[PDB]
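As a starting point, one isolated chain is supplied in structure tokens, in the form deposited without N-(iminomethyl)-L-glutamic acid.
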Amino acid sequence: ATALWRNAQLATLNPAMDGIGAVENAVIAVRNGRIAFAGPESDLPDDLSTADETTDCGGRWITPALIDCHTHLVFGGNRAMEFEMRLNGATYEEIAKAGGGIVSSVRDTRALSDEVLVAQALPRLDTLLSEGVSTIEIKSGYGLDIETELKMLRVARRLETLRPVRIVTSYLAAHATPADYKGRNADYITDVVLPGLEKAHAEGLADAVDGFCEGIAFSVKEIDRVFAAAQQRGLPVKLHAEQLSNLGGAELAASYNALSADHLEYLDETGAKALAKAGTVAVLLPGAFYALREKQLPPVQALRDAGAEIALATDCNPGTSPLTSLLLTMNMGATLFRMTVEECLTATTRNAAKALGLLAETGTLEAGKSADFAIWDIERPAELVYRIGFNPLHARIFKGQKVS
């Protein structure tokens, strides 16, 4: 099965090229869901000069399909109630008494069946897919008990069977301490987090292990205990770090050659250099920054100077970032974090694939990788970062197949 997509402008994001690796008057040759060639039509090899199908792209821009490397897409209910209460002047106490807080998401997720959870996640998933997203990372963390943490992962795996999308999962039991384990973080890790990890891995439901290293959650030493366990099983790790303060969560992840460190509002120069050295991707999440009215900006320039790679994600979750648009995420990255257009595009493609350890499989338009790309009805790549609340997607191709 072969197919050609010619007469196009390519944003290959090939790291061997400058900028976004733009190629004019180009073509993409596909064979069995894989890219056989991506470059000038004049350089198209002879054995690939023909195919079963040929699509005239009319000179439109083609980029790698987008990747959302950080989301909590699976969960029950929503947190609109406390949103409204907060705006009405309610205190944290009044909200808590009304049932607000992360406990609301935990309760709502524990109460639903896999079937219902899939039903509630599909609308969120489809919104991302409609914007050219082909790969999405989904975390657990709203169960805080083995039974529910695992259910969340099964739901994620299930979603992948209902839509043309690539889904990778992260075990995040080390998200918060349940009421029944208050003041006993160690016991929670011993009784819930670790045995949960072994079970998830045995079930093949977890692609990575995540954690929340913060003053209000788990300490560096506590997360270290979780990473050690994951490392022994061959599972890559990642971490929510320096979101609300500088604890050293970033340096910890870097010491474990973590796939990424996420949020990083309070990351320092030392931590940035550590991430770059370890090759750990810095995942910035503008949605949470925006929704939480945060004032401390992540150290973009320090990350740039250290040579660290920056990725951007929606951090889609009901409590701090009920965001379902990766296009908007890039606009926020530029507007709020002052990232350049080149950085924003690379952040949701090449670096996003890297943050998920899938760069060899997808993320760029290079021969040998999966044929996952998005055709855009734009005149300039910048349009994807410039517009606010618009979708110029023309077509989405997943594994060589035009899906929508």
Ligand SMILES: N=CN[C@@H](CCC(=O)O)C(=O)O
The other form holds:
There are 2 protein chains.
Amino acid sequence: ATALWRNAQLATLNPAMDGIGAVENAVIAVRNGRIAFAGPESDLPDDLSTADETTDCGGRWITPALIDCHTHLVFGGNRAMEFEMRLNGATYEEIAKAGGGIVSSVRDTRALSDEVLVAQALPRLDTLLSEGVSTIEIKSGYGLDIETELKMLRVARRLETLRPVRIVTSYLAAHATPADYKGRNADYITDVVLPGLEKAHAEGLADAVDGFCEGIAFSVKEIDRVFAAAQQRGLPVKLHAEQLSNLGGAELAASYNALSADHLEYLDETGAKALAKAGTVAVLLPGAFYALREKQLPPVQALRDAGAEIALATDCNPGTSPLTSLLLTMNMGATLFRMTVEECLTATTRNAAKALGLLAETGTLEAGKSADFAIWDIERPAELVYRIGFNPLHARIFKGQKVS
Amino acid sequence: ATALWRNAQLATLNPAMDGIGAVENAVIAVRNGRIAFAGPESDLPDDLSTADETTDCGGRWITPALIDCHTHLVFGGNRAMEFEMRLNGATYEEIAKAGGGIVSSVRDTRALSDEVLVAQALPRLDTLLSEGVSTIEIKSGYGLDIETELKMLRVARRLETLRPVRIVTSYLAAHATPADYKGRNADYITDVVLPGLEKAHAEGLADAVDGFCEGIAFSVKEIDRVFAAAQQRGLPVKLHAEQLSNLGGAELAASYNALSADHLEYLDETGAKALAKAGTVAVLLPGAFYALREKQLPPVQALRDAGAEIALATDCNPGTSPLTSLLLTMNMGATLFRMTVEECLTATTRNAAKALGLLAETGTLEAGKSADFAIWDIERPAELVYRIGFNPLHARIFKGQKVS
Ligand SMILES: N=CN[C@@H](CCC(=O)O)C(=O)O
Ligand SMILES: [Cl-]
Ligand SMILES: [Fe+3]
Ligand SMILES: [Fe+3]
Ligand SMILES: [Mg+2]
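Let me have the form solved in complex with N-(iminomethyl)-L-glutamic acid next, following on from the form deposited without N-(iminomethyl)-L-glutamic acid.
Next comes the full complex, and the chain you just saw is listed first.
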């Protein structure tokens, strides 16, 4: 199966090229769902000059398909209630009393079947897909008991069978401490987190192991127990770090050569250097920053100076970032974090793929990788970061197949 | 022609009711594109018990169609270039040599034919319509000469003939001075604004007269000349006031019974009370606030205390607020301005209609009004304000006809 997409402008994001690796008057040759060639039409090899199908892109811009490397897309119910209450002046105690807080998502997730969780997640997944997103990371963490933590991963896997999308999962039992384990974090990790990890891996339900290292969650030492267990099984690790305070989570992740450290509002210069040194991706999440009304900005310049690679994701979840637009995410990255257009585009493609350990597989328009790309009805790539609440997608191609 | 909408929950926003006028197990009776009945299905009059059509809404929520009372939706080109340039550290002088600044929109709007402007606006209009919006206000203001200003109004009128939407226009020649009138605000008003208003009115192209009272634009005395002229021709006025400084534009607007005063970041107590006393709606625009990285928040509490009605709009424009989601606008209203869920829902329905002088015609699900409503896939109205970058619209009804 071969196909050609000619008369296009490519934003290859090939790391060997400057900027976003733009190629004018280009073509993408595809074979068996793989990129056989991506460059100047004048350089297309003879053996690739003909194909079963040919699409005239009319000079539109093509970028690698977008990637959302950090989401909690799977969960039951919503958290609109406390949102409204808080806006009415409700106290943290009053909301809790009313059933709000992370416990709300845990209860609603625990209460639903696989089938219903899939049903509730699809609208969110489709919203992302509609924007050209073809690779999405989904975490567990709204179960807090082995059975529910496992059910979440199961649902994530199932979603991949219902849509043309690449889904990777992250075991996140170490997200919070459930009620029946209050004040017993060590026992929680002993009875649920670790045993849950063994079980998830044995079923092939976990691609990576995540964690929440924060004063309101788990400590560096407690997360260390989890990462040690994952490392022994060959599972890559990632971590929600320095979101609400500076604890040293970023540094812990680096020492374990984690795929990424996410949030990072309170990350310091030492942590930034450590992440870069280890090749750990710094995932910034503007949605939560925005919704929580956070005042501490992540150290973008420090990351730049350290040579750390920055990614951007939606952190799509029910309580701190009910965001379902990665295009909007880029606009926030630029507007709120002052990231350049180049950084924003790289953050949702090349760096997003690296944060998932999929760079050799997808994320850029390079020969040898999966033919995953998005065709945009724009004159300039900057348009994808500039507009607020607009979708200029013209077409999405997943593994060489135009899907809609 | 008749039709019934059964098994639904209604958010009537009837001002005579508490909150957003919610009604459980309700029905909507439509007759000749008008609302004959809206309320408890048990209170439905026998003479309406039947109709040609009947729709089971499956328990979904219904709200009056959304209204965007402040937009510059019509314009040629885009401003993505300067957006990218600013983030790269480009200075105002460098952006100007590259063709940036409001002059870019004026140049592009002047160069494009009526047809092409209509075509470039359709995608923005359609994005809003896809969100349940059925009434949109469109301003001129990117021409700065009589012919282009009038062209903009004609384009706006024509858009209403291509989609099921109610469009109201605002003559905004008093937006800024073009290159040849810099330092000559007086002559600009004398040569373009006033004669232009006369011609616009003669052709029935302007539903209202707008203006920009600001340091970088027109003074209070200058806008007064324009409002005086609008009054003599029987046209209502509105004003972009107190956006960057406090000049007393809001008070001037109130003295003319302005439909609304818009932006208001720098509005003081005196001004807030003046708007309330005059019945002028306070239109807050979070998009521009967000994009400009504004530090001065509008006096939300002062407005509440003075009893001023608040509306929310996208201010959809190329340079300061390229926003095309009114749903996102409500979320920003809550997130950035701390407006309650009830204030946000009211801000895009009842108060928006009032901002346009159309409350007797639409904006609430009340008998006698136009049958304009949106059916949503939500469990609670709060969801429409709570989510970020999501569209739960099920169906849009315009003048009693199901369109989307
Ligand atoms: N809404 C819940 N998700 C959050 C949990 C953070 C917290 O417990 O404060 C998250 O993914 O980080
Ligand atoms: Cl074209
Ligand atoms: Fe998260
Ligand atoms: Fe405006
Ligand atoms: Mg095009």
